[PDB]
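Single chain ahead, by itself, as structure tokens, in the form solved without the named molecule.
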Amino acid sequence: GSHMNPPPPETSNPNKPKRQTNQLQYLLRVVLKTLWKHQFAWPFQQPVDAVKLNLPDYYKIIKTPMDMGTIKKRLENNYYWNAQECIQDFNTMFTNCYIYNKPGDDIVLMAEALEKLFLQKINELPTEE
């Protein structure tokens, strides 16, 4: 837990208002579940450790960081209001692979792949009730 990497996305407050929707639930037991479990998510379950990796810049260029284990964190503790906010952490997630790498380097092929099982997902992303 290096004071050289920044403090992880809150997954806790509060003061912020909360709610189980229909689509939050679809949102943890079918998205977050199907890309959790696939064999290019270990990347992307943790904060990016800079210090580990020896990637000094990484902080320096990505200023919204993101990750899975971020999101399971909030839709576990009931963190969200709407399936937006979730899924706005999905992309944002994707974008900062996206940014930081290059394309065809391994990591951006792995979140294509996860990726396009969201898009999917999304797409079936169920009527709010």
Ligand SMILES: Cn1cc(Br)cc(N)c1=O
Given for the second form:
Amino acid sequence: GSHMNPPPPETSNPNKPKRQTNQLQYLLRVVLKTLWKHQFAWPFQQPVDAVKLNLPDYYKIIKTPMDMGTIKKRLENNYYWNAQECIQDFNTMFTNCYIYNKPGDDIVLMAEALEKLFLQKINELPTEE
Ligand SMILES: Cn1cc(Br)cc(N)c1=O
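Just the form solved without the named molecule so far, so send over the form solved in complex with the named molecule.
In what comes next, the whole complex appears, and the chain from above leads the way.
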């Protein structure tokens, strides 16, 4: 894509130690699955293309970009060590949305719908085996 967008967040790095936990499996099989398929998922399924969306200040404001495309790749490619790292990525995606966009903008209502499902699922994050 455009050189004016940053490189996406890292999804592969052999230097970072990896593990596959029952909680990370839940995060892919329940949490990501639930949000990915939601009618409102599409703005969150890949990094923000600030060029295409004509948001030139997006990456001036948002210095910790995250999206569900990146999280899906992280989960499928076993990038994470623990559930907290993955939960932190989802919370970053939501907070970035609420910081950048005006409250009650469509994008905000979409994030809110996903976040509601997210909280319900995360309260049921299984005990670590
Ligand atoms: C996350 N997200 C996605 C799209 Br599309 C447009 C935005 N303003 C945004 O914040």
